[PDB]
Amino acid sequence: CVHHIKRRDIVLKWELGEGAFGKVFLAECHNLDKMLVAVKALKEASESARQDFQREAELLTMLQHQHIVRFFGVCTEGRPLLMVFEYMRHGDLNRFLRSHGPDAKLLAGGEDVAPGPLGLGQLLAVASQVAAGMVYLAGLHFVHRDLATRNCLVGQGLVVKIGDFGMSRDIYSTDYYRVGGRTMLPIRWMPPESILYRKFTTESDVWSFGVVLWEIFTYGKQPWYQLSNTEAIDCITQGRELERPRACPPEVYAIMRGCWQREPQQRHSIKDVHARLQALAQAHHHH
(Lines of atoms letter the chains of each structure in order from A and count residues from 1; the text may use other names and numbers.)
(Lines give C-alpha, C1' and ligand atoms only; values in the text may rest on other atoms or scores of the structure.)
Protein backbone atom coordinates (compact mmCIF):
# COMPACT_ATOMS: atom_id res chain seq x y z
CA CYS A 1 0.00 0.00 0.00
CA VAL A 2 1.09 3.66 0.61
CA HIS A 3 4.90 4.03 1.06
CA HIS A 4 5.56 6.23 4.18
CA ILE A 5 8.58 8.56 4.60
CA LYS A 6 10.36 10.02 7.66
CA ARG A 7 10.09 13.77 8.23
CA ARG A 8 13.84 13.88 8.98
CA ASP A 9 14.44 12.64 5.37
CA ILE A 10 12.52 15.62 3.86
CA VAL A 11 14.38 18.98 3.84
CA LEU A 12 12.36 21.94 2.61
CA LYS A 13 14.20 24.43 0.41
CA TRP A 14 11.44 26.92 -0.46
CA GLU A 15 7.83 27.49 -1.49
CA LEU A 16 7.07 26.90 -5.15
CA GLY A 17 3.51 28.23 -4.84
CA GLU A 18 0.19 27.90 -3.05
CA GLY A 19 -3.24 26.52 -3.90
CA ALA A 20 -6.49 25.19 -2.47
CA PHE A 21 -4.68 22.04 -1.34
CA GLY A 22 -2.03 24.08 0.50
CA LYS A 23 1.57 25.07 -0.27
CA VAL A 24 3.86 23.14 -2.60
CA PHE A 25 7.57 23.20 -1.76
CA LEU A 26 10.82 22.32 -3.46
CA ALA A 27 12.60 19.88 -1.20
CA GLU A 28 15.43 17.38 -0.87
CA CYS A 29 14.38 13.80 -0.07
CA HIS A 30 16.75 11.07 1.17
CA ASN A 31 16.79 7.32 0.55
CA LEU A 32 14.76 6.55 -2.56
CA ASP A 33 20.49 8.72 -1.75
CA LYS A 34 19.90 12.53 -2.18
CA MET A 35 17.08 13.74 -4.43
CA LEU A 36 15.05 16.73 -5.62
CA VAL A 37 11.29 16.59 -4.90
CA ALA A 38 8.00 18.45 -4.73
CA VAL A 39 6.23 18.36 -1.45
CA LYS A 40 2.54 19.29 -1.18
CA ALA A 41 1.56 20.27 2.32
CA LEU A 42 -1.98 20.26 3.69
CA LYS A 43 -3.48 23.60 4.64
CA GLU A 44 -6.25 22.47 7.04
CA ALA A 45 -5.58 18.78 7.79
CA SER A 46 -8.36 18.47 10.38
CA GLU A 47 -10.96 15.76 9.66
CA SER A 48 -12.56 15.90 6.19
CA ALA A 49 -9.21 16.89 4.70
CA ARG A 50 -7.51 14.14 6.71
CA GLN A 51 -9.52 11.43 4.90
CA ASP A 52 -9.52 13.16 1.50
CA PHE A 53 -5.70 13.02 2.05
CA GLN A 54 -6.05 9.22 2.62
CA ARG A 55 -7.93 8.95 -0.71
CA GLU A 56 -5.54 10.91 -2.92
CA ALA A 57 -2.48 9.12 -1.58
CA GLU A 58 -4.10 5.71 -2.14
CA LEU A 59 -5.08 6.81 -5.67
CA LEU A 60 -1.66 8.20 -6.58
CA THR A 61 -0.01 5.04 -5.25
CA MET A 62 -2.35 3.06 -7.51
CA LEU A 63 -1.45 4.94 -10.71
CA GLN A 64 1.74 4.37 -12.65
CA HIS A 65 2.46 5.69 -16.12
CA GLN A 66 5.09 7.95 -17.71
CA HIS A 67 2.45 10.67 -18.09
CA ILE A 68 1.15 10.76 -14.55
CA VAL A 69 3.31 12.67 -12.10
CA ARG A 70 5.17 9.99 -10.10
CA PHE A 71 4.30 9.88 -6.41
CA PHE A 72 6.81 8.60 -3.78
CA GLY A 73 4.73 8.55 -0.61
CA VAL A 74 3.63 10.65 2.33
CA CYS A 75 4.62 11.75 5.78
CA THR A 76 2.01 11.52 8.58
CA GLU A 77 4.20 12.31 11.62
CA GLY A 78 2.85 15.46 13.30
CA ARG A 79 1.55 18.26 11.09
CA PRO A 80 0.90 19.42 8.58
CA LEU A 81 0.66 16.35 6.39
CA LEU A 82 2.83 15.94 3.28
CA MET A 83 2.72 14.19 -0.06
CA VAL A 84 6.03 13.75 -1.88
CA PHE A 85 6.36 13.85 -5.69
CA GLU A 86 8.92 14.01 -8.46
CA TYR A 87 9.79 17.61 -9.39
CA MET A 88 8.40 19.13 -12.57
CA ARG A 89 10.43 22.36 -12.94
CA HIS A 90 8.19 24.29 -15.38
CA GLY A 91 5.05 24.11 -13.11
CA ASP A 92 1.38 23.96 -14.17
CA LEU A 93 0.50 23.63 -17.82
CA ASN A 94 -1.94 26.55 -17.90
CA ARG A 95 0.57 29.19 -16.74
CA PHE A 96 3.20 27.67 -19.03
CA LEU A 97 0.94 27.98 -22.10
CA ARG A 98 0.09 31.61 -21.37
CA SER A 99 3.62 32.75 -20.59
CA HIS A 100 5.01 30.98 -23.66
CA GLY A 101 2.27 32.21 -26.03
CA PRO A 102 2.55 35.07 -28.60
CA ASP A 103 4.09 37.35 -25.95
CA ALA A 104 6.82 35.14 -24.41
CA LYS A 105 9.62 36.98 -26.24
CA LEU A 106 7.80 40.24 -27.06
CA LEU A 107 7.71 40.61 -23.23
CA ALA A 108 10.86 39.05 -21.70
CA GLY A 109 13.85 40.26 -19.67
CA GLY A 110 16.48 38.85 -17.33
CA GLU A 111 15.15 35.58 -15.89
CA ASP A 112 14.12 34.69 -19.48
CA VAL A 113 16.09 31.89 -21.11
CA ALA A 114 15.11 30.88 -24.66
CA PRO A 115 11.82 32.71 -25.19
CA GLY A 116 9.73 32.60 -28.40
CA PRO A 117 6.12 31.43 -28.60
CA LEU A 118 5.43 27.71 -28.67
CA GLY A 119 5.27 26.32 -32.19
CA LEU A 120 2.84 23.87 -33.73
CA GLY A 121 5.15 20.96 -32.98
CA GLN A 122 5.50 21.73 -29.32
CA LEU A 123 1.72 22.14 -28.88
CA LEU A 124 0.97 18.84 -30.50
CA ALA A 125 3.64 17.23 -28.26
CA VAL A 126 1.91 18.66 -25.19
CA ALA A 127 -1.47 17.45 -26.56
CA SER A 128 -0.25 13.90 -27.36
CA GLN A 129 1.26 13.57 -23.93
CA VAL A 130 -1.92 14.61 -22.10
CA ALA A 131 -3.82 12.21 -24.35
CA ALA A 132 -1.43 9.34 -23.39
CA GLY A 133 -1.98 9.88 -19.69
CA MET A 134 -5.73 9.67 -20.45
CA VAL A 135 -5.44 6.55 -22.63
CA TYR A 136 -3.91 4.99 -19.57
CA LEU A 137 -6.71 6.07 -17.21
CA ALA A 138 -9.41 4.96 -19.64
CA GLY A 139 -7.68 1.56 -19.76
CA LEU A 140 -8.19 1.12 -15.99
CA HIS A 141 -11.84 2.26 -16.37
CA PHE A 142 -10.72 5.27 -14.42
CA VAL A 143 -12.54 8.65 -14.60
CA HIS A 144 -10.56 11.83 -13.82
CA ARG A 145 -13.57 14.22 -13.68
CA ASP A 146 -11.42 17.45 -13.73
CA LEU A 147 -9.09 17.23 -16.71
CA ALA A 148 -7.86 20.72 -17.60
CA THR A 149 -4.43 22.29 -18.22
CA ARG A 150 -4.39 23.66 -14.67
CA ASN A 151 -4.13 20.04 -13.48
CA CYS A 152 -1.23 19.11 -15.73
CA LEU A 153 2.45 19.70 -15.06
CA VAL A 154 5.43 20.46 -17.26
CA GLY A 155 8.97 19.24 -16.58
CA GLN A 156 12.34 19.86 -18.19
CA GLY A 157 12.22 18.87 -21.86
CA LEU A 158 8.52 19.56 -22.48
CA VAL A 159 7.62 16.52 -20.47
CA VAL A 160 3.96 16.91 -19.65
CA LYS A 161 2.12 14.87 -17.07
CA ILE A 162 -1.28 14.80 -15.42
CA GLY A 163 -0.57 15.96 -11.89
CA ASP A 164 -3.73 16.36 -9.86
CA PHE A 165 -7.10 14.73 -9.60
CA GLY A 166 -8.94 17.87 -8.55
CA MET A 167 -9.10 16.53 -5.00
CA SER A 168 -8.86 20.13 -3.79
CA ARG A 169 -10.87 22.60 -5.93
CA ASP A 170 -10.37 26.43 -5.78
CA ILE A 171 -13.54 27.88 -4.18
CA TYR A 172 -12.62 31.37 -5.46
CA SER A 173 -11.70 30.51 -9.12
CA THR A 174 -14.03 31.29 -12.12
CA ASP A 175 -12.94 27.90 -13.45
CA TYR A 176 -15.39 26.38 -10.93
CA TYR A 177 -19.13 26.76 -10.29
CA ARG A 178 -20.58 26.02 -6.84
CA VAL A 179 -23.49 23.73 -7.77
CA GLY A 180 -24.63 24.12 -4.12
CA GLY A 181 -23.02 23.95 -0.69
CA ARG A 182 -19.40 22.84 -1.14
CA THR A 183 -19.58 20.91 -4.44
CA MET A 184 -17.61 22.76 -7.14
CA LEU A 185 -18.00 21.79 -10.79
CA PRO A 186 -15.57 22.72 -13.60
CA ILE A 187 -18.61 23.37 -15.88
CA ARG A 188 -16.64 25.01 -18.74
CA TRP A 189 -14.81 21.65 -19.30
CA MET A 190 -17.86 19.42 -18.85
CA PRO A 191 -20.40 18.14 -21.35
CA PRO A 192 -24.25 18.48 -21.02
CA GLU A 193 -24.86 15.13 -19.30
CA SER A 194 -22.26 15.99 -16.60
CA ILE A 195 -23.60 19.53 -16.09
CA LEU A 196 -27.24 18.47 -15.88
CA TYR A 197 -27.12 15.18 -14.05
CA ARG A 198 -23.42 14.69 -13.01
CA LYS A 199 -22.91 11.67 -15.24
CA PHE A 200 -19.08 11.30 -15.27
CA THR A 201 -17.63 8.66 -17.55
CA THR A 202 -14.62 7.99 -19.79
CA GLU A 203 -16.75 9.73 -22.48
CA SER A 204 -17.10 12.89 -20.36
CA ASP A 205 -13.27 12.83 -19.97
CA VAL A 206 -12.86 12.76 -23.74
CA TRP A 207 -15.08 15.88 -23.92
CA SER A 208 -12.81 17.59 -21.39
CA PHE A 209 -9.83 16.54 -23.43
CA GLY A 210 -11.40 18.33 -26.42
CA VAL A 211 -11.52 21.40 -24.23
CA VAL A 212 -7.90 20.83 -23.13
CA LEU A 213 -6.96 20.87 -26.83
CA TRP A 214 -8.73 24.20 -27.07
CA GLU A 215 -6.80 25.61 -24.07
CA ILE A 216 -3.55 24.36 -25.63
CA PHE A 217 -4.14 26.00 -29.02
CA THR A 218 -5.43 29.30 -27.53
CA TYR A 219 -2.30 29.42 -25.39
CA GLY A 220 -4.19 28.92 -22.18
CA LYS A 221 -7.39 30.92 -22.45
CA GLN A 222 -10.33 29.99 -20.33
CA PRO A 223 -13.00 28.26 -22.37
CA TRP A 224 -15.96 30.66 -22.67
CA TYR A 225 -14.05 33.49 -20.95
CA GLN A 226 -16.71 35.92 -22.31
CA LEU A 227 -19.41 34.21 -20.33
CA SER A 228 -20.04 33.79 -16.64
CA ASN A 229 -20.63 30.23 -15.54
CA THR A 230 -24.46 30.36 -15.71
CA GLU A 231 -24.28 31.71 -19.25
CA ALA A 232 -21.71 29.01 -20.07
CA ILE A 233 -24.06 26.33 -18.67
CA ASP A 234 -26.74 27.59 -21.04
CA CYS A 235 -24.48 27.56 -24.15
CA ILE A 236 -22.93 24.20 -23.47
CA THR A 237 -26.30 22.77 -22.67
CA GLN A 238 -27.89 24.37 -25.79
CA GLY A 239 -25.19 22.73 -28.02
CA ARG A 240 -22.91 25.70 -28.69
CA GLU A 241 -19.39 24.97 -29.87
CA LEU A 242 -16.16 26.77 -28.99
CA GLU A 243 -14.53 28.56 -31.99
CA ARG A 244 -11.51 27.17 -33.81
CA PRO A 245 -8.58 28.87 -32.26
CA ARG A 246 -6.46 31.18 -34.41
CA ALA A 247 -3.37 28.91 -33.91
CA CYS A 248 -5.36 25.74 -34.40
CA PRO A 249 -5.03 23.84 -37.70
CA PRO A 250 -8.35 22.62 -39.20
CA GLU A 251 -7.36 18.99 -38.51
CA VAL A 252 -6.80 19.63 -34.82
CA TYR A 253 -10.19 21.34 -34.73
CA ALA A 254 -11.83 18.30 -36.27
CA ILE A 255 -10.41 16.26 -33.38
CA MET A 256 -11.86 18.68 -30.83
CA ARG A 257 -15.23 18.26 -32.57
CA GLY A 258 -14.93 14.46 -32.36
CA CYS A 259 -14.49 14.88 -28.58
CA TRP A 260 -17.61 17.07 -28.54
CA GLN A 261 -20.31 14.90 -30.15
CA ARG A 262 -23.48 15.37 -28.09
CA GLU A 263 -24.22 11.64 -27.47
CA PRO A 264 -21.42 10.25 -25.24
CA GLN A 265 -21.05 6.93 -27.08
CA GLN A 266 -20.48 8.89 -30.31
CA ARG A 267 -17.44 10.76 -29.03
CA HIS A 268 -14.10 9.64 -30.42
CA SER A 269 -12.27 7.20 -28.15
CA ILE A 270 -9.27 8.59 -26.34
CA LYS A 271 -7.06 5.86 -27.87
CA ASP A 272 -7.97 7.01 -31.42
CA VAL A 273 -7.59 10.61 -30.42
CA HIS A 274 -4.13 9.84 -29.04
CA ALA A 275 -3.06 8.00 -32.20
CA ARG A 276 -4.33 10.77 -34.53
CA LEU A 277 -2.45 13.45 -32.49
CA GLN A 278 0.71 11.32 -32.56
CA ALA A 279 0.44 10.93 -36.35
CA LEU A 280 0.10 14.73 -36.60
CA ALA A 281 3.03 15.31 -34.24
CA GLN A 282 4.97 12.82 -36.40
CA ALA A 283 4.11 14.47 -39.77
CA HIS A 284 5.21 17.93 -38.40
CA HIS A 285 8.46 16.66 -36.73
CA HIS A 286 10.51 17.82 -39.69
CA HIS A 287 8.83 21.17 -40.70
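Numbering follows the first chain given and starts at 1. Superpose the two forms; the largest set of C-alphas matching within 1.5 Å is the rigid core. What changes on going to the form deposited in another entry:
- No residue in 201, 122, 151, 168 other than 168 shows a CA shift of 2 angstroms or more between these two forms after fitting the rigid core.
- With the core held fixed between these two forms, residue 23 has its Cα displaced by at least 2 Å.
- The two forms, fitted on the rigid core, differ between these two forms by 2 Å or more at the CA of residue 80.
- Relative to the superposed rigid core, the position of the CA of residue 57 differs between these two forms by 2 Å or more.
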Contents of the next structure:
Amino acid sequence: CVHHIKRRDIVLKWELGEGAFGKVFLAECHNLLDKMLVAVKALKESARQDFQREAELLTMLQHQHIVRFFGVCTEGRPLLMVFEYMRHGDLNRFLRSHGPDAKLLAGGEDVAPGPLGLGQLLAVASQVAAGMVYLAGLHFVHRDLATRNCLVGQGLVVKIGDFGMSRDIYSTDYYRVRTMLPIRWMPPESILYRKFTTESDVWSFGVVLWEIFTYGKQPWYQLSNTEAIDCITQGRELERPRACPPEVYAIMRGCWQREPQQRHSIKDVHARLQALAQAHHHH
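Complement to the form deposited in one PDB entry: the form deposited in another entry:
FYI, this one's just the chain on its own, none of its partners or other molecules.
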Protein backbone atom coordinates (compact mmCIF):
# COMPACT_ATOMS: atom_id res chain seq x y z
CA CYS A 1 0.00 0.00 0.00
CA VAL A 2 3.19 2.15 0.33
CA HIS A 3 3.76 4.63 -2.53
CA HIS A 4 7.01 4.25 -4.57
CA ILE A 5 9.11 7.13 -5.95
CA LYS A 6 11.75 6.84 -8.74
CA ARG A 7 15.34 7.65 -7.58
CA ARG A 8 15.77 9.98 -10.59
CA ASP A 9 13.09 12.32 -9.11
CA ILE A 10 14.87 12.64 -5.72
CA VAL A 11 17.61 15.33 -5.98
CA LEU A 12 19.74 15.49 -2.76
CA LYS A 13 20.77 19.06 -1.69
CA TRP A 14 22.36 18.68 1.80
CA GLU A 15 22.43 16.53 4.92
CA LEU A 16 20.09 18.13 7.56
CA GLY A 17 21.12 15.68 10.29
CA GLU A 18 21.88 12.14 11.36
CA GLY A 19 19.79 9.76 13.44
CA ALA A 20 21.17 6.43 14.68
CA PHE A 21 19.24 4.39 12.05
CA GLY A 22 19.73 6.89 9.17
CA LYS A 23 20.72 10.24 7.58
CA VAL A 24 18.30 13.02 6.71
CA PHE A 25 18.69 15.15 3.59
CA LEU A 26 16.99 18.23 2.20
CA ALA A 27 16.04 17.24 -1.31
CA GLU A 28 14.22 18.37 -4.51
CA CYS A 29 11.42 16.05 -5.71
CA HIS A 30 9.79 15.95 -9.17
CA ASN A 31 6.22 14.51 -9.61
CA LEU A 32 4.28 14.46 -6.27
CA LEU A 33 1.35 15.87 -8.40
CA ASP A 34 7.26 20.71 -10.28
CA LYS A 35 10.36 21.20 -7.98
CA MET A 36 8.96 20.45 -4.45
CA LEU A 37 11.24 20.45 -1.34
CA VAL A 38 11.25 17.17 0.69
CA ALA A 39 12.99 15.55 3.71
CA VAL A 40 14.58 12.24 2.67
CA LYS A 41 15.58 9.67 5.36
CA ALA A 42 18.31 7.29 4.05
CA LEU A 43 18.52 3.91 5.89
CA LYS A 44 21.99 2.84 7.17
CA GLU A 45 21.29 -0.95 7.48
CA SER A 46 17.09 -7.60 8.71
CA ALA A 47 16.45 -3.78 8.80
CA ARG A 48 14.59 -4.27 5.43
CA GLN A 49 11.88 -5.80 7.73
CA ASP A 50 11.70 -2.65 10.04
CA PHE A 51 11.77 -0.29 6.95
CA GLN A 52 8.71 -2.08 5.47
CA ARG A 53 6.81 -2.07 8.84
CA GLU A 54 7.53 1.67 9.36
CA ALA A 55 6.64 2.54 5.72
CA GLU A 56 3.29 0.71 6.08
CA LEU A 57 2.52 2.53 9.40
CA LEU A 58 3.50 6.00 7.96
CA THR A 59 1.35 5.19 4.87
CA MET A 60 -1.67 4.70 7.26
CA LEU A 61 -1.03 7.75 9.57
CA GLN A 62 -2.45 10.58 7.39
CA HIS A 63 -3.58 13.76 9.12
CA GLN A 64 -3.60 17.54 8.94
CA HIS A 65 -1.23 17.71 12.05
CA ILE A 66 0.98 14.64 11.37
CA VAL A 67 4.16 15.21 9.28
CA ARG A 68 3.38 14.03 5.68
CA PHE A 69 4.94 10.79 4.44
CA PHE A 70 5.09 10.61 0.60
CA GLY A 71 6.50 7.10 0.13
CA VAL A 72 9.64 5.02 -0.22
CA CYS A 73 12.32 4.34 -2.86
CA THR A 74 13.41 0.69 -2.92
CA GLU A 75 15.12 1.14 -6.39
CA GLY A 76 18.73 0.74 -5.24
CA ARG A 77 20.59 1.45 -2.00
CA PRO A 78 20.38 3.40 0.35
CA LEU A 79 16.70 2.79 1.08
CA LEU A 80 14.80 6.11 1.11
CA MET A 81 11.72 7.44 2.94
CA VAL A 82 10.34 10.74 1.62
CA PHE A 83 8.58 13.28 3.91
CA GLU A 84 7.33 16.88 3.65
CA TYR A 85 9.77 19.76 4.36
CA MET A 86 8.83 22.09 7.25
CA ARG A 87 10.89 25.34 6.76
CA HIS A 88 11.09 26.35 10.47
CA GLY A 89 12.47 23.03 11.74
CA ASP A 90 11.66 21.52 15.12
CA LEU A 91 9.23 23.35 17.46
CA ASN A 92 11.65 23.58 20.44
CA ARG A 93 14.21 25.58 18.49
CA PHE A 94 11.37 27.65 16.97
CA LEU A 95 9.95 28.52 20.44
CA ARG A 96 13.52 29.34 21.63
CA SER A 97 13.94 31.57 18.48
CA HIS A 98 10.61 33.39 19.05
CA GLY A 99 10.83 33.97 22.81
CA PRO A 100 11.78 36.80 25.20
CA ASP A 101 15.26 37.19 23.58
CA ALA A 102 13.99 37.01 19.92
CA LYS A 103 15.37 40.54 18.99
CA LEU A 104 18.87 39.62 20.22
CA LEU A 105 18.80 36.27 18.41
CA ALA A 106 17.26 37.59 15.17
CA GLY A 107 19.05 38.18 11.89
CA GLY A 108 18.98 41.64 10.34
CA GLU A 109 16.18 40.89 7.79
CA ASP A 110 13.98 38.69 10.13
CA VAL A 111 10.26 39.64 10.06
CA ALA A 112 8.84 41.33 13.21
CA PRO A 113 11.38 39.84 15.71
CA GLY A 114 9.85 39.48 19.16
CA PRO A 115 8.13 36.88 21.38
CA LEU A 116 5.10 34.95 20.17
CA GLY A 117 1.92 36.20 21.89
CA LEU A 118 -0.95 34.36 23.61
CA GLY A 119 -2.94 33.78 20.41
CA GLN A 120 0.09 32.21 18.71
CA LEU A 121 1.11 30.11 21.73
CA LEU A 122 -2.56 28.90 21.81
CA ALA A 123 -2.57 28.24 18.01
CA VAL A 124 0.54 25.98 18.41
CA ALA A 125 -0.97 24.20 21.47
CA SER A 126 -4.34 23.54 19.76
CA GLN A 127 -2.70 22.07 16.61
CA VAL A 128 -0.49 19.67 18.71
CA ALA A 129 -3.65 18.63 20.67
CA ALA A 130 -5.47 18.00 17.31
CA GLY A 131 -2.70 15.69 16.06
CA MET A 132 -2.88 13.88 19.48
CA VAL A 133 -6.70 13.58 19.25
CA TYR A 134 -6.12 11.76 15.89
CA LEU A 135 -3.57 9.33 17.38
CA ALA A 136 -5.88 8.57 20.41
CA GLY A 137 -8.77 7.66 18.09
CA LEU A 138 -6.52 5.19 16.19
CA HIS A 139 -5.46 3.71 19.61
CA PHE A 140 -1.91 4.88 18.82
CA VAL A 141 0.52 5.75 21.65
CA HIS A 142 3.22 8.17 20.62
CA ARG A 143 5.64 7.59 23.64
CA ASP A 144 7.91 10.58 22.84
CA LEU A 145 5.61 13.58 22.44
CA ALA A 146 7.70 16.74 23.07
CA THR A 147 8.27 20.05 21.21
CA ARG A 148 11.43 18.52 19.63
CA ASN A 149 9.17 15.91 17.96
CA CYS A 150 7.10 18.67 16.37
CA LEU A 151 7.72 20.60 13.20
CA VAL A 152 6.84 24.15 12.22
CA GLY A 153 6.11 25.28 8.68
CA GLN A 154 5.38 28.76 7.22
CA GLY A 155 2.13 30.32 8.43
CA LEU A 156 2.66 28.85 11.97
CA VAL A 157 1.56 25.35 10.80
CA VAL A 158 2.55 22.86 13.53
CA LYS A 159 2.75 19.09 12.88
CA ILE A 160 3.77 15.98 14.96
CA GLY A 161 6.46 13.45 13.97
CA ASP A 162 8.92 11.16 15.84
CA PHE A 163 12.43 12.02 14.80
CA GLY A 164 15.73 10.21 15.08
CA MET A 165 17.44 13.63 14.63
CA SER A 166 15.58 14.76 17.86
CA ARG A 167 17.34 11.93 19.81
CA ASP A 168 20.71 13.15 18.55
CA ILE A 169 20.26 16.98 18.62
CA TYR A 170 18.46 16.74 21.99
CA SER A 171 20.33 13.70 23.48
CA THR A 172 20.25 15.53 26.92
CA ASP A 173 16.40 15.15 26.96
CA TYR A 174 16.88 11.30 27.29
CA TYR A 175 18.02 9.07 30.20
CA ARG A 176 19.73 5.66 29.82
CA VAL A 177 18.12 2.76 31.83
CA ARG A 178 20.02 0.28 26.13
CA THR A 179 16.72 2.24 26.18
CA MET A 180 16.88 6.06 26.24
CA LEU A 181 13.76 7.39 27.97
CA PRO A 182 12.46 11.03 27.85
CA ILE A 183 11.98 10.93 31.68
CA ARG A 184 11.09 14.70 31.99
CA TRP A 185 7.94 14.23 29.77
CA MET A 186 6.92 10.89 31.34
CA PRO A 187 4.33 10.33 34.13
CA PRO A 188 5.27 8.24 37.25
CA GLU A 189 3.89 4.88 35.98
CA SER A 190 6.01 5.22 32.80
CA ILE A 191 9.15 6.19 34.73
CA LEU A 192 8.53 3.38 37.29
CA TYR A 193 7.14 0.53 35.10
CA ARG A 194 7.41 1.54 31.35
CA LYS A 195 3.58 1.70 31.06
CA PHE A 196 2.92 3.75 27.90
CA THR A 197 -0.75 4.54 27.08
CA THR A 198 -2.95 7.36 25.65
CA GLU A 199 -3.02 8.69 29.32
CA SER A 200 0.84 8.85 29.47
CA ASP A 201 0.72 10.79 26.10
CA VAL A 202 -1.87 13.26 27.59
CA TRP A 203 0.65 13.72 30.47
CA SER A 204 3.39 14.37 27.86
CA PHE A 205 0.97 16.84 26.20
CA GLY A 206 0.74 18.79 29.50
CA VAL A 207 4.58 18.91 29.62
CA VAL A 208 4.54 20.06 25.90
CA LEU A 209 2.09 22.90 27.00
CA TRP A 210 4.58 23.95 29.69
CA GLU A 211 7.38 23.99 26.98
CA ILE A 212 5.22 26.27 24.75
CA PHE A 213 4.47 28.73 27.58
CA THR A 214 8.14 28.77 28.86
CA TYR A 215 9.26 29.35 25.19
CA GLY A 216 11.24 26.09 24.91
CA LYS A 217 12.65 25.62 28.46
CA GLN A 218 13.61 22.04 29.53
CA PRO A 219 11.08 20.65 32.14
CA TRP A 220 12.99 20.60 35.47
CA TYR A 221 15.93 22.48 33.86
CA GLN A 222 17.27 23.18 37.41
CA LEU A 223 17.51 19.42 38.09
CA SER A 224 19.68 16.47 37.14
CA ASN A 225 18.04 13.39 35.61
CA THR A 226 17.90 11.59 39.01
CA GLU A 227 16.55 14.67 40.86
CA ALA A 228 13.83 15.02 38.14
CA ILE A 229 12.93 11.28 38.45
CA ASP A 230 12.34 11.68 42.20
CA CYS A 231 10.37 14.99 41.74
CA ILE A 232 8.08 13.33 39.12
CA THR A 233 7.50 10.12 41.18
CA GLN A 234 6.96 12.19 44.39
CA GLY A 235 4.23 14.11 42.58
CA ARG A 236 5.84 17.55 42.23
CA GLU A 237 4.37 19.67 39.50
CA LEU A 238 6.04 22.09 37.07
CA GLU A 239 5.70 25.75 38.29
CA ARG A 240 3.29 28.00 36.34
CA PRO A 241 5.21 29.70 33.46
CA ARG A 242 5.10 33.59 33.61
CA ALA A 243 3.70 33.73 29.99
CA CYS A 244 1.04 31.11 31.04
CA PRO A 245 -2.56 32.35 31.67
CA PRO A 246 -4.12 30.60 34.77
CA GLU A 247 -6.76 28.73 32.63
CA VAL A 248 -4.00 27.15 30.49
CA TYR A 249 -2.30 26.02 33.76
CA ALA A 250 -5.64 24.35 34.78
CA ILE A 251 -5.42 22.41 31.49
CA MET A 252 -1.85 21.22 32.39
CA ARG A 253 -3.07 20.24 35.87
CA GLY A 254 -5.77 18.18 34.14
CA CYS A 255 -3.12 16.30 32.14
CA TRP A 256 -1.08 15.69 35.32
CA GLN A 257 -3.65 13.97 37.56
CA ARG A 258 -1.63 11.20 39.40
CA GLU A 259 -3.98 8.44 38.26
CA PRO A 260 -3.98 7.77 34.48
CA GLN A 261 -7.84 7.25 34.35
CA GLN A 262 -8.29 10.66 36.18
CA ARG A 263 -6.40 12.63 33.49
CA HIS A 264 -8.44 14.75 31.07
CA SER A 265 -9.06 13.16 27.68
CA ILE A 266 -7.07 14.71 24.84
CA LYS A 267 -10.41 15.62 23.06
CA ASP A 268 -11.48 17.73 26.11
CA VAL A 269 -8.03 19.32 26.30
CA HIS A 270 -8.22 20.14 22.56
CA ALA A 271 -11.80 21.59 22.82
CA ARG A 272 -10.67 23.84 25.72
CA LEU A 273 -7.42 25.08 23.96
CA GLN A 274 -9.58 25.75 20.84
CA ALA A 275 -12.26 27.53 22.99
CA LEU A 276 -9.53 29.81 24.49
CA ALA A 277 -7.83 30.37 21.12
CA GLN A 278 -11.29 31.40 19.69
CA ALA A 279 -11.88 33.82 22.64
CA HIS A 280 -8.57 35.69 21.92
CA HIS A 281 -8.72 35.82 18.01
CA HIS A 282 -10.04 39.43 17.96
CA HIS A 283 -8.32 40.75 21.10
